[PDB]
Every structure is written in structure tokens, then in C-alpha cells.
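A.B. asks: The primary structure of each chain is shown beneath.
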Amino acid sequence: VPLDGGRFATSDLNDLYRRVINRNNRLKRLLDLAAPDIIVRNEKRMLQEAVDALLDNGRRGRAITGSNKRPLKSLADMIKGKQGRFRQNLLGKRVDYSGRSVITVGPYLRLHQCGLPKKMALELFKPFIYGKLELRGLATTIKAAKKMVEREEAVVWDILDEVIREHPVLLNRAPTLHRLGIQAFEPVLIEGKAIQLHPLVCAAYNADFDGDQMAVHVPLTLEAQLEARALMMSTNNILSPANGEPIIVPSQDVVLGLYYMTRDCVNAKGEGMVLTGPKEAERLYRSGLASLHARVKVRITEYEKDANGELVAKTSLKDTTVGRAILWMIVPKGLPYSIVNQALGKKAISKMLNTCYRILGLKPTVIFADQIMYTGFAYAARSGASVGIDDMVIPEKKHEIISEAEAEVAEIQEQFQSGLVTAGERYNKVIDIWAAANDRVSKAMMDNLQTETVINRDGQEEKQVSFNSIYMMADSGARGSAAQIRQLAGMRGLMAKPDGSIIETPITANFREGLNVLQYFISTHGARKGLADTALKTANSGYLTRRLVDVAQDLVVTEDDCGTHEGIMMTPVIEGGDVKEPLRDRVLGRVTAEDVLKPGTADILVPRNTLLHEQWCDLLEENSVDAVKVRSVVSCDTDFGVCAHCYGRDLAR
Amino acid sequence: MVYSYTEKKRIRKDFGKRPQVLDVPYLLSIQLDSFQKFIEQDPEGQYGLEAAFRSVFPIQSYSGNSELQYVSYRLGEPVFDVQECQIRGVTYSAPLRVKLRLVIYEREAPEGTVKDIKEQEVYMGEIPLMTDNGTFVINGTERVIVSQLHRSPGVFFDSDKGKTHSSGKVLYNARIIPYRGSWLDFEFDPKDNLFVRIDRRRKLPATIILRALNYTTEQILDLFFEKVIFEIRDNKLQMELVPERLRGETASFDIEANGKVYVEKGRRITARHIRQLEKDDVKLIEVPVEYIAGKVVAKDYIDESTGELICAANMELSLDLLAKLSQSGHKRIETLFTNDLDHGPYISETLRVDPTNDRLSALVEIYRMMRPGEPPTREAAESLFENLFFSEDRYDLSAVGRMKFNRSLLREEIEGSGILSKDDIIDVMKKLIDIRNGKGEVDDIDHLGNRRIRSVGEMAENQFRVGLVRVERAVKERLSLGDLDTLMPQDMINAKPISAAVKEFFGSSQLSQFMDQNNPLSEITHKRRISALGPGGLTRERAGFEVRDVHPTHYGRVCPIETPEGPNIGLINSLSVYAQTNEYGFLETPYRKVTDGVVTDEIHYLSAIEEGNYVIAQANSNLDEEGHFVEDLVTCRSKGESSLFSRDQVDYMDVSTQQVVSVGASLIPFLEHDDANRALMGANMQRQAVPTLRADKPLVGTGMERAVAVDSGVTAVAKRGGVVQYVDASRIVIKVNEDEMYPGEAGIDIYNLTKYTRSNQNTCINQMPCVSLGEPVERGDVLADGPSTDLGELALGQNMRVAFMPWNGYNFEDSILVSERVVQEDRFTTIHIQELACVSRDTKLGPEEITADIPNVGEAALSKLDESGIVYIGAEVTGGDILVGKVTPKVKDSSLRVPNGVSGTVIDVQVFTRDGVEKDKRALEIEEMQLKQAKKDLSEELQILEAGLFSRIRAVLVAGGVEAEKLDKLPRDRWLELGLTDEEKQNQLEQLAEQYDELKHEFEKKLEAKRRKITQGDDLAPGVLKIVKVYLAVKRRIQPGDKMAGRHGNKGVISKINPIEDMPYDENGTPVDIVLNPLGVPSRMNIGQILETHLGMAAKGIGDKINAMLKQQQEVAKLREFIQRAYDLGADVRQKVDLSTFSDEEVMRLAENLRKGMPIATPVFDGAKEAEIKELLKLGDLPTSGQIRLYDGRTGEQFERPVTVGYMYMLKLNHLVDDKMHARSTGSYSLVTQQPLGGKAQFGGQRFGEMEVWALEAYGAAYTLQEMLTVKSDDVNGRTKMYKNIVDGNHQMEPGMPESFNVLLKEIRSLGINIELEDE
DNA sequence: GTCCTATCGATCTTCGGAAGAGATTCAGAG
DNA sequence: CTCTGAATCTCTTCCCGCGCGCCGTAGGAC
Ligand SMILES: [Mg+2]
Ligand SMILES: [Zn+2]
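Protein chains in written order, with the entry's author numbering: chain CD, 253 to 905; chain CC, 1 to 890, 913 to 1342.
Rather than coming from a laboratory, the hints here were simulated on the basis of the structure.
Ideal placement from N, C-alpha and C gives every residue a C-beta, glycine not left out.
Worth double-checking, as some hints may not be accurate.
[Said to hold, decoys possible] What follows is a list of derived Cβ distance ranges for each label pair:
| # | chain 1 | residue 1 | chain 2 | residue 2 | range |
| --- | --- | --- | --- | --- | --- |
| 1 | CD | 387 | CC | 1341 | 40 to 46 Å |
| 2 | CC | 825 | CD | 611 | 25 to 31 Å |
| 3 | CD | 494 | CC | 26 | 54 to 60 Å |
| 4 | CC | 265 | CD | 830 | 56 to 62 Å |
| 5 | CC | 858 | CD | 331 | 50 to 56 Å |
| 6 | CC | 443 | CD | 830 | 46 to 52 Å |
| 7 | CD | 460 | CC | 1133 | 53 to 59 Å |
| 8 | CC | 1133 | CD | 785 | 56 to 62 Å |
| 9 | CC | 496 | CD | 331 | 37 to 43 Å |
| 10 | CD | 706 | CC | 595 | 24 to 30 Å |
| 11 | CC | 958 | CD | 443 | 46 to 52 Å |
| 12 | CC | 276 | CD | 749 | 45 to 51 Å |
| 13 | CD | 460 | CC | 939 | 53 to 59 Å |
| 14 | CC | 190 | CD | 749 | 25 to 31 Å |
Take the sequences, apply the hints, and build the full model.
C.D. replies: Put into C-alpha cells, the structure is as follows:
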């Protein structure tokens, strides 16, 4: 190809074939002109050494070059590896009908939607837009509709909002480690230029919102839409593929709001009255007559689905708080209130959400998750949950704890100053005195944070769980648990040298206060190690996943039951003393290999190829079973695949 | 106390406490004094071009038997100055001219010349020059050479565990690294046999070198090993005991004599026994024959009588051998002492590997191991071996390498030759063997005493050497064969190889970086980067934790925070604020001398290996105003260890609390509080802020802005003191005062400011005045702001009023919520200037034209072109507008159209034309401009001298010799024709009218030369006829998706542009401008951002009291009282300031700049205590909790509990969204395989890359995948059938088989590999 | 100045990758 | 006299996206 003016792009192969053909022209000449052996052995060497270049330049002694020692890319350099066809153009390739933008958070989306800019939708869906303007007969054909789109005329949006009206679009970040990293959403149009993503789903992508771009793809055919809607739509993927654990796990602000809504404060406005239901609980809150975390009694009703699966509705007085009454209004009618009657936090609400999925199923769960999100945002707003430096709490015992520990370290030093302790022992004991100070500072600081709240119970003071701003965030599990708050206001503690060996004199300061220059300079030996690790690791992790999919990709589940009776045995992992995992982690949802007996003898408990779903694993936990034999894909005697029963539960379903 | 006239306009209230004894060095002396060190000639020939010339000249051929020799060099002034050069697009360079003298000798005679011909300065090349901003201009583009940091030349000893063999033991290695030439490695084999190699070639037995130097083995053994002797007298074979050779080891055998036995069999030996051994004088002793039967002999033993061998040096003895050789009369038999701990036998072991006999057989082995396939040959071998280590053409420890070598061998002196010598290698071997004998230490590799900085003035001296090295090879041959009769030096050399060498360097080297001219900080922190990469360095892909990590010698030399996280952490570092390059290139940094017990205010720079010899107190350490330490014991660092030591034990002290950081981090306030992750991301995000439209000042800073904005050279700085004569936002012109004038000059310094222009990153850079007409200015005052500055403080961003709280989730996770009030104010709008160019050529079908007569297009488009064929200035343009109506013969409308998507106002055009080619009225329009701009500024001197000279007529008329019957109405040289007599005054008149004519003739050549600069065309590339460049300015606003960041490494997209009524507002009804999320502060431990907010809030409060005191018409004496009460606030803060001396005028002029918040300094590790922020907030009428109750503008409800409100500083980053939003329906495809193009600069499709395909396969989704990688992508049929089915709305595909896979088949079948598709 | 033909067939490709595995080279001996 | 141990050499691998920026055969002979 020509480039900038009358110059051909140096198009490597044509320099290699040029080498060959020149040499061959000479060799035909010198053969027919009958040169002596030494001359033809010259040209014959130079020809063999040139065809060497053309095939796989650089397996020779040295690669040949035509610039500042750039080796020319030969054929075999075009086939292989990271810039060659197999990886670069075949296995994955660039695609039309795609676009990208910076993502930004859209709180108002229902979980299945994402907003995408009108400019992109109009430049992406063009073929479908022509397929409406001809169908309106409003444009004569492509030749006019093209112009009618270019002019961006007033009709086109009402057409676009009919084209798109339910065409799923696929959003994926990159890298995309796992299936949850491409998902489909129904688009809704936006005026701006960012892609408005749903808040809960950002966690799945590991999409942070700090300027993290995301690509979008339109699926074109009917089949690509039916696959997108049935499989990849975000509503169908509330669980992880890898472990039976939600991926909708609540966003930090949502859980902050729900924690704040459900606390009890022992003094409050409107405390102690009795109400006929959530609705007048809300009227009581919204008019400002009762505080949200005030204690109350309410009439409640709750629903249970019986042994058949049909609802029994029940009603009672409940003793609770205004905000637990309001929150009960969001829960779908089939869960027990005992799941809400407690000050909620990130673990407690994940199990809340999980139990919704356990009891109702998917379709209520996605909507309940949406409502949780909206609720948490709204009460987190009213909560005004700011952060402020007067809210960093230093336990003044910290001053004494250092002033004590410093002298005891100097006792280890004075022995050393008398030769009375060894050079190893002096060090490895001093760092334990600093550990004994550090545990004490941390413990005093967590006690002080809980200690900061005490209030008059109409007469005489009494204590309660601390409304201290940073402590709400830790105690809720929103962000920054013990290891962070310890550094913010307790002490930063011991630090490590480049070779991992521990510093003899720790950072007894904390970030509420200043580090001096040395404490700061040593602090960076931590952090720069942790960044070097990130930037170094991100290669080897990827080369690991490549090697794995590129060995696993041959498997597909391909029979129902291979017909084995063989398998392997599961127990709690008992080691180092106590059990590091229970049986219910391992065995849940495999199929039994062999008939599982009652603990004891001759009474069978589970038939010999039964899926041990949850009601079976709770039953095993009712028994004194320790070892269970189950089928495993390593033992499944299907040729060229695996049988379904040997694989067992599909974790995402 | 005094402040300069640009300080005394916004005296930043300073909270610092430590008195800054050393004021920050000019932040680019790293670069400028490197290049000055290259460009200056220096008779002490090291450093500079002159050193390189003297590295090659004199130059000669033996067969020519004549020479040419360098005498001296001159460097002419650069053909175009920087401003004009940056327009015209060439490189700013200087012509290199060299006095070469060619000397012609004769045969037979003494060498006295037949002739010698000094060529009058042969032209040698064009070396670029550095601009005073420290940047090179290389093709109009402005480029910066980052300093390299790499392993200094020297000798280095090393060892490792597990990386080698892993059986618990460690292997030791020594290297000699020259500056130029071959590396030599010595290393032991595991079995302690010693080996050597050159340049990581094959392993050789190490004595092969000592052989090659023609030591015999007997001599080698006298170089390395201690003697033990046997004397065959008083009884057969007595033995020479040196007592100290037995200690700690077991006396496993009979040694005794004469009285008390020292130590009998089986017992250790100790001091008291050695003293008894000495007191008995054990000079000879009895030992059993097993002892002598252990020995290896030192020296050669032929039988003299037969003349024939019985034993040889390092041959091993036995009783029968000892008998026959002492029986042969060799009554002194001599051997070596080799205790396994202290005297291991490694060289004898090496002589058991050794295949060599003597010198020649080793040279044979050398030449065959090094040059396999060439013949060894006695006359030929040395022409390898000497050029490995002993010849200047190929081995060279520079003066730094020799110094480091000598220091490591513990030599007394460091003025030494650059080549090795026998004893220079032997000393390395001995030191390596001492290490293996356990009596020494290995060096830490990654220590800033072993790695040295190379900067531009050294990289370019090497590349210029590569030049002279290729001229060497040409000129030697041409001289050797030449007749010497007609040749003159300009025949002998030609510039082309030098120019190739240096131009490729500055143009394209891995270190000639294109400058990040993003904002004035990013200019500087780039000019002072330290890079480990590039030629002679390591590589970003090929290093690990050993070098990325920080090291204890970094303190004060390299900033630990400011490194570009990502694939090259710590392979790039930023040279710390105060640090400096030593003479040799090692990084050295200033410390205060602690003299006995007082901190003396004198600074000594310490290199990284001077530092370990002292104990140095941390910068915070207090003093008593005499200067004794206040503390009785104090924290110091010492040997990388840190601990507490006594008062008056300590020996040096840090110079400043800023010493540990770079400017990039030194600008963060309250850095004392931040996690070093978030310090790092802060100090990296500051260098990306784009200059906003109306930039001002950070309210909380560090007082480093007053230095970054000035030293970065981008504010225009007053070269000499004077008074402002005129200002108009394009020119500023200063009547310099006569106390700093040069006597013949007009005395007037213009400053033509640069206006709207593209930065290298497309942000605009318009300088604006800060002065007023008639205002006085002093040398070094800022006259004009740069981009991102105001009043000469750095000012990247805008001091936006932020409150920390959740808001319905719009600021979830990280996002920033923003009020419409900020965008309405044009707070963050920013101007992006693109350059588009239309080239035109003398193509093969014929020459192009620029015209409006374009074929196939009507006035519907052409309405914006003028009649010449270029767009009007001030045309506002959009996609597809024709900017330049180029056309090609045989007529084709190829014309410059504005690319898709972009839009803007055409702010300027430029036109460039070859020689011998016609202009047009847009070239004449530009000539009219530039001529007039030169002529005006010249006239404003000629006018000033004319006025002075006519005064110099008038005054000496009017004062005496008056002729003023009529005077001032007349032409003031027609004043000569008045009738004054031939007394001296008429001769003064005649002479000073001739001085007036010559004053006209003076400018009569100066303006001609200037107009000749403008009249000419330009040095176009071959093929082009002319080029025109057209600039589009876009005023981009701010919108969802744009990125903003704080200084603390907090960052977000802005997520919604909320209308004012929805912002929270306070109990006074002012809404907040931004709502940040709180949870990021504990979760990422960057709580310094809260104290910036509170101190920012107080900063607003003082302006709030001042603005009220200016709306109310308070008298200055009350106003001065409040301002003074603000500056004196706090503890014993460093600064003192007396508004009593500000003359009221300047008190109002000060107030008029505080009236939007008092600016504050919080120097990095020395900031305000909390108790001083509270104190300032109490001086304002503000709530000292810092928090305020807020209400929600959606309802007017109160928020529960107050929330933080205050003035953070926020930067718009250059990652703004419309520069990234992209989408493609269909368009281009690549040629080799039909997959879509990739880009925004091309209308590309996103890569559905490898990992996404596994992601689809992991759903069941097969049809989606089939589509994505065929129909949507590659199948040349199917995609056009798909498109039509979609416009038909059929929703069906025909999938085929991708053409990229057919490419593969042919690319395999283009090997002799028959791959084929198969049927069943 | 343009067109055609060839590369260090009279040097010196960078030491600062680790690894990890194979092909290919050598011990102590039956 | 070469057979299983081990020893030195080369070959091969090293995240995914993305955006800029520039830079892009020579020398000799007719
Ligand atoms: Mg991110
Ligand atoms: Zn099976």
C-alpha cells in the first residue's frame, strides 16, 4: 500500500521474496554459465540462507533486518502467537455495531435496564432505523433514509424509541474474567454521553465508577436476541457461577442506609407508642412525628407458604421500631419478619436477600433487590451520614500505652546494654512488646468508639450503640472494617522492610494525626510493594486463566447419567485441630455415589443417586454423618465428555 | 522583612513552623546544567563535545603515515530562534564548525610537514540546542529528554541463594563493568573452582587470564597464596610453623619440643598456646610425615643433574616424592598454607580444570572460544585479546568508573587510567577470594550509590561519539589511499554520519519523549523524570521486585510517592525536590551541618555513600533559637537503620521537611495524613489537570506554587526592572530603569505574549497580563500569567464548595454529583485547539491546486471558503465542511474536509510554500500581519532613540547657543538650516544630524533583515508544493462522564448535572456546588482531604469577612486591622508580615484579591494543627465544628445531623468523555483481512477480544457468538446479506465462513504445508 | 539528480530474565 | 566401553482492552 505521498509501505514479505528471487536469478545464471564449485557453493549457501529468512526469519543465527535492526516479519511470524492470526484475528476479532463510553451511575434504573446515549443508539441501530422508515414508507429507501437520519429530523427519535423499544444490548467491561462480565440489558435513552449503568451490577463487572470505560454491542439477529434475553439478561444472573452466593450483594451506600434505618436509639421523638401498621408508621415518620429509629410496637402481618406451597397469612402485635416497620413494607409477602427485626448490616442483608431467593424464587428476588436499593439510597440521604474530623476518636489511654511500652522495650534494651540478652532475642521480643501495645491501642479505640454514645433515659444516663459516623460505616459493613479504622485513629503499628523482615520501632501514629517524615517514608515500603504486586501479578493471573480455558475447553456435559457407581468421599476438612470447613460446604448439591445409611447400620437414609439439595443437606446435618460418597467428574465414565449427574448442581441455577 | 511586588498582592497566610534554611533550587537545573555541560568547550578536556573529539582525534593511518587533527570548535548562532522555528516546523539547531588541521608528512625524513592545511572550520553537523525552558524543539514539536538512571561503571560483587543450585550454599560473582567496552564476570563453580567469562559468553577457567598475561603457575601461586616451608636440617624435614596458622582448628597430631608442649593431639589451639609457641621460638619443628604428605608444592623442581623434572609448581607431594627430591639435593622444599576456612585452595582447584599449558595455549583457547571458525594465530590473537581490555578503542572506564573501582579496591587515589592493568584484574580476583574465604561483604545492587544518573548532556555526548566513530572508519581509509595532495579536510569528512547519529537520537530514541505540555506542572515533573529504561538500561517487562521497590537510600534523593503506577512502577521515579546530581552523576542531596551541639546553618551535599558514614537527624527535630536541640535525645537515621540517639551525638540534620518528596507530591496539602496509595494517585493526577478557562488559585496549597509557576518558565517573567510602558494582553512592554539598562540600548523590553495556541496535548495556552499601565515591576516579577496560573501561583483547578454526603445514590461508589451552577459559571469549560493540515504535491499525474473552483461541489458548501481556497478566519465549522479546496489533476476534488464528529471555530491558518512557487492573498494576508508586527516593535525603538536624540539637540541649544525665534513647530533635523555660526554648536548640530541619519540606516538594515525572514518561503519536504494548516478551537463544557479529581487522589466521573434547586442548601440558603461521597475517606484512608475541606472553609470565611468589609465602606484602618489579625493568627508560625508598611494603597490592592478567600499555605509535613484550624474558623464567624446543618432542596426538610461543608480544590482531568464516546454501525474494513478498523481516529469497531469469547461460551450462547465473529465481522458475503435483511427487517442470518480463516489457510499453504478443508 | 541494486565476502548485534523444559553432553562403573 | 545418573545449551512463555503522540531504504554510478 502507498502511504503519505508517493511511497510504498515497506511490506515486509515483499522484501523477503525479493531476496529469494534475486538469489535464484543469480543461481540459475551461474549454473548455466557453469561456475566452479566454490562459487556455486557460495550462491547456494546464500540461497538456502535466504529461504531460511522467508519461512521463519530468526531461527537462523541472526534475524535479518532492513532498518535499525528491526527483524522483518516472516510467514511463520505471521501465523504464531500474540500478534499472529490465531490469537489476533481468528479466535477473537473486531466487530461492527459496537461502541464504548465512560460509564456513570444511574440510580433510577430498574435492574434490567441501562441508559445509553441517544447519539450512540442512533449511530448503532442505523440498519434497524432504515428498516422502519421504509416500513413507514416515510423514506423511499436507503438513499433517502440515510439523508433523513443525517439531518436528525424530528420524527427519527419517535422511530428510535420504537426500534429500541425492547432490543437487548450487551455491555461488557475489559478484562472480562468470568461469564458475569458480559451481560445484556434493555437500553433506555439518555441525553448525555455516558452509559448509565445500574448500581448493583457494577460490582459484578468490578466496574468502579471512577472513569472506567465500557463497551456495548448490539445483537443483530433474532437468535441473538433470544439468547440475550434468555441467558445473559441481568435478571437471570443473580447468582455467581462459582459459588452459591449472590452477586447482587448490596452496594455500600445501600447497606449504610438500611443500617441507619433499622438501629434502635433508646431516646427518640415519639418513642413507645402502638401502631396499626406500616402505613401509619410511615405517616408518623414522614410528618416528623416519630424518629425513624424510635422504638415502637406495631401490629404486623406476615405470610408463610405451607407444606404444599400455599400461603398462610398471620397477624400479631410485634415489638419493633418505626424503621423496621417501614422496611417491612418492601419485603415480598412470603418471608418471616424475623429477618428484618434487627439492625441490618452487609452480611445480615446478604442473607436476607439470599433467603428471599430461597423461599420465593427469582422473579420476586430481583424486584425485592431493586426496592432494597431504592430504599437504602433514600434513607441514606436523609441520614446525612457525613464524615468529619471531629468524628475520628483517639482513646487517650493511647498516650499511656506507649509511655508504658516504651520503658519495657528499654528493659529489653538495658539487658542488651549489659550483654544480658542475645542479639536475636532482643529484637524478636521487642516486636512482641509493640504487638502487645498495638492490640491494646486497637482495643481501647474500638471501646472508645462504642463508648462515645450515652444518653439520659428520661432520668439517669444509659448507653447504646454508637451513632458515631465512622463507626456506623464499620459496624454496618459498608466499607472500611477493623483494619482500616485501626489505622485511621488507633495506631498504624508495625511496618515491614523490603525483604519482609519487621521494623524494630513501629508507626505509633495514625492518620488522624500526622506522620513525621520517617514514619511516612517507611510507610511507602508497604504501599509500593502492594502496587508492584498488583502491576506484576496482573500478567501471571491472565496467563493462568488462559492456560486453563485452553485445557478445559474440550469438556461439555453430554449424557444424563454415565451409569457409574464409583466416586469419592467427602468429609469436613479437619486439620490443625478444628474444622476449617463443614460438610455442608463440600457435599451440598453433588449426587450420592452409593446408598447413604443412617449413622449406625442397615438403615438407608439417601437413595444411591440422589441430588443432595439443601433440604437433604440440612437432614444430613441432623445426623451424625461424617463421610459421604459422591460422584465427581474425575470418575464419570462418559467417553468424550461428562455425564450430568456426575457434575451435579449447576451453581448458577 | 520584604515581599516582592508580585508577592505583595496575595500574601498567602503561611502555617509553616520550621524555618526554611535552604530555598528550593531552580527546579530544572537537572536539565539545563546538564546540557550546558555538553555544549561548553572546556580545556580540562573531560565533559562535552570537546571530550568526544579528543576521544577520536588525532586521527591517522599508518600506511597513510599522515594525520588530521582537531584544533578547536565553534558553535554558530541558531538559524532560526525558538518561536519562529516552532512555527516553521524545523528543529531549533546550531551549526557545528570544527578547525580540522590536515598534516602531510613525508617518508625517510623527519616528520616535518610538506604542508598542513587548517581547513577554516569544516562544517560537521547541526546539533540541536536546548531552550531555556529545558525542552528541545525537534520538528516544531517540543521534546524532552528524560534523565536515565543506570548501573554505574565499576566493580561489583554479588551472591544468591535458591536462584542457584539451592543446596543451602551461595555462589559468589564479581563483575567489572566498564563505561564502554566488554564486561568481565568472575564466578565460582559450586565446588569453588574459579571461572571467568567475557560478555556472558561461555565459562572459562579463571587462570586462563593469568596465563594470558604470562604469569607462570609458580608466579600465580606467589600472587595468591601464603608459603609454608620445610628445612631438611637438625633432622630430616623439619617444618616452618607460623603459629597463628593454628587457631580454633583441632591439633589432631604430634607437635612438641623442648620443655612444655604447646598442645598435644586432639585439642583445639588457643592464644596462650600460641604465646608459648612464640616464646619457645617454634621457627622449626618436628612433624609426622603424614603432615608433609598432605602438601601441594609451590615451586618448580627439576633434578639439576639429570636436568629432568621431579616436581612442579602446584603439583601434589608424597613421602616417596619428597624423599627422592630432597635426595636430589633440593634441601628446601616449599609449599602452600591452605586451611579450609581461611585459606581455601580455589586457584589450585582451578588448575585442575585448566587445559592450558602456558600463554599461547590459553590465547588459543580464548580465540577459539570467542571467535569460533576463525583461525587462531600468534600475530592475530592479540588483536582480539588486547582490544578486550587494554585498548582505548574498545575498553573505557570513564573517570567515574575508575573512581568507583578504586574505591571498592580501597585504593588511595582516584585519578587513574581508564584501561585495566594486570594488577587491576588480580586485585579483583583477590577481593573475590577473600569474600569466598568469608572475610568480606557483597554490594547491594539497587543502591543509589551504585546507580548513577545520566542526563541529556551525556546521552548526547555518547551518540555524538557514535558519529565520530563512523567518520573515523571513513576518514582513515580515504586518508590511507588518498594522494594527500589535493585533499583538504572538507573532502576528508562529511557531516552525514554525525547528523544521522544525533538527529536519530533527539528524534526517535526511547528517551526523546514528546513533552506532556498539559499544564505547567506536567511540564516540570516531566523534565525531571528519572527513567530506568532505554538504551543500556533494563526493560519494563523484564524486572521484578528487586528494583521496583524503594530502597533506604531513596530518602531525599528520589520521591517514593510519585511514580507512575502500572506496568512500570518504580522503573520511573521523580527526582525529589531538593536533590541534585553530583559531579560524577550520583544523586546527592543537601543536609545541615551539626557542629558539636548546634545546628549550624551551612549545607553540605551528601551522596548516597557518604550518608552511611554519619548519623542524621530527622527534619522535625526542635531547636532553642540558639540552635541547640531542644530534645535531650532525637530520632536520626544512620545506616538505613533509624533510632534515637543523643543530643550532640547526631552529626547531620535534614534541611527541610519537604526534602523527601517531589514537586509533584509536594503540592498536596496535608500530605502528612494520606495513605501512600492515595498520595500516589494524587501526585499523578495533578499532572493531568487541563487548564480551565478562568483559572485562579487553590485556597489551600503548600507555597510550592509560587515556585512551580515561575520556574516552569511558562509565565512571562521580567528580565529587568522598570515600569510598565504599555499593556494590551498581546504585548507587555517595560521601560527598564537605567540602573539595569545597557548604555547604548533604547532601554525597552517588549514581551510579545503567546496567545491561543495548541499545547502538545491540544489544551490551549494563552498568557494574560497581570500588570497595569504605569505599574512598577522588579526583576523576576511575574508579568503575565501562564495557563493554569494566576498572579503567578499554580492553579490547576477550581476551589469548588463541596459537602460530604450521600445523595439518593447519584454519588454512589465514587461519582461526583454537580450543581448546574458550576457549569453555568463556566467554571470548568476548557478550550481544545486542533490542528488540521492539507498538504499539496507535484504528483505523477501532475501538480495540485488550491481553489474554490472545486469540481462536483456547489456554493452550498463553498460559501465558507474565501476566493483563494482557504476558510475564513472566524468561520464556525462542523463535520464535512471544506476547510481547504485542494484539487488534483486527472480533476479530483481531494480537499481537506473537517473530519466526522468534531466541531469548532477556526481561529487561525498558516500557509507554507516551496521556493520558486507563487503566493496567494491568504499568504499575502499572513505576510501583512507578520511584517506589520515586526515593523511596529522596531519602530517603538527607533522612535524612542529619535526622541532622545532630538532632545539631545534641543537641550544643548536651549541651555546655551539658543536659536529659538521659533522652535518646536519645525522638523527637528531642519533645525540645522537655522543660521547658527561655525562655533562648535553648528558642528554638534551637523554631527548629531549625521548620528540621526545613521540611526535611520541602522534600522534600515534591521527591518530589511526581518522582512527578509518573512518574505522567504519554507523548507518543505520533497514532493510537496505547499501546505496549509487550519486550527479549530472548541470550547468544551462539562457533562456527565467527564472525570474530576481532587488533589488527594480522590476521583470520579461526574454523574449528574443537578439543577440548582436540587442541591442541598444551608441555613443561609446558599447551595453546595458538589456533593462528594463520604465512604471513600475511611475506606481508602486519604483523610487529609477532610482537613483541606475544613481549612478551605476557613479560607473562605476570611474573605467573607473582607468582602463584607468592602461592600460596607469600611475605612482602611479598620480593614487593615482585620487583615493583620488574620496573618498573625496561630502559634509561632514561620511568616511575619506588617500591613503597617503597605501604604494603604497596597492594603486596598491586597484586599481586592483576598475578597474571595484568603489563600493559605500548609507546607507538606509542617501543616496547621487542628487547633489552628479551629482558631481560624473562630476568627471567621464560622462554626468551629466545621459541619453545618443542611436542608434538601427537594423538600426543605432538614438532614439528620450536620454534614461537612467547605472549599475543596478540584481538577478537571484530561479524560473528558466526548473525547472517548464512540460508536460504529458500518464503515471501513482492513485490506489483508476484512475485519473492521480499530480507533476513534478511524471509525472503528470494538474488539470482541479473546476473553469475551470465553465469556459467551460460558453461557450457552452459541448463536450470539457465531454472529459476533462472522456475520458482524468477517464473512464478506454474510455481512452484506445481513445488512439487507436488517433493513428489510427479516432478522435472519447466513453465516458462511470467515475470510480471515481463509487467510490462515493460504498463509499455511504458503509454507510447503498442504493444509486443506475436508469433506466427510 | 535520478535510477538501480544491494546488505561487516577488512564489524561486533548488549550484559539488568526466570523459568522451565527439553536436546544434547559427560560421570563411575560392570 | 558405553550404561543410567547428572550438566550445559537453546527455545518458549509471560493480562485485556484503550486512547493518544511520532516515525517510516540507502548509496553509488551514470
Ligand atoms: Mg476504576
Ligand atoms: Zn458420570
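A.B. asks: State for each hint whether it applies.
C.D. replies: Results for each hint:
Against the hinted window of 40 to 46 Å, the Cβ-Cβ separation of residue 387 of chain CD and residue 1341 of chain CC comes to about 43 Å, which satisfies the hint. Range check, residue 825 of chain CC to residue 611 of chain CD: Cβ separation about 53 Å, and the 25 to 31 Å hint is violated. Our hint of 54 to 60 Å for residue 494 of chain CD and residue 26 of chain CC holds, since their Cβ atoms are close to 57 Å apart. Checking the proposed 56 to 62 Å range against residue 265 of chain CC and residue 830 of chain CD shows it holds: the Cβ atoms sit about 59 Å from each other.
Taking 50 to 56 Å as the suggested C-beta distance range, the pair residue 858 of chain CC and residue 331 of chain CD conforms, at roughly 52 Å. With their beta carbons about 49 Å apart, residue 443 of chain CC and residue 830 of chain CD fall inside the hinted range of 46 to 52 Å. A beta carbon spacing of about 45 Å between residue 460 of chain CD and residue 1133 of chain CC contradicts the range 53 to 59 Å that was offered as a hint. Under the hint 56 to 62 Å, the C-beta atoms of residue 1133 of chain CC and residue 785 of chain CD, about 57 Å apart, fit the expected range.
A hinted range of 37 to 43 Å for the beta carbons of residue 496 of chain CC and residue 331 of chain CD is consistent with their spacing of about 40 Å. Against the hinted window of 24 to 30 Å, the Cβ-Cβ separation of residue 706 of chain CD and residue 595 of chain CC comes to about 57 Å, which falls outside the hint. Separated by about 50 Å at the C-beta atoms, residue 958 of chain CC and residue 443 of chain CD satisfy the suggested range of 46 to 52 Å. One distance hint, 45 to 51 Å for the beta-carbon pair residue 276 of chain CC and residue 749 of chain CD, holds here, with the actual separation near 48 Å.
At roughly 56 Å, the beta-carbon separation of residue 460 of chain CD and residue 939 of chain CC lies within the given 53 to 59 Å, and the hint holds. Hint check: residue 190 of chain CC to residue 749 of chain CD, Cβ distance near 30 Å, so the stated range 25 to 31 Å holds.
Of the numbered hints listed earlier, those contradicted by the structure are 2, 7, 10.
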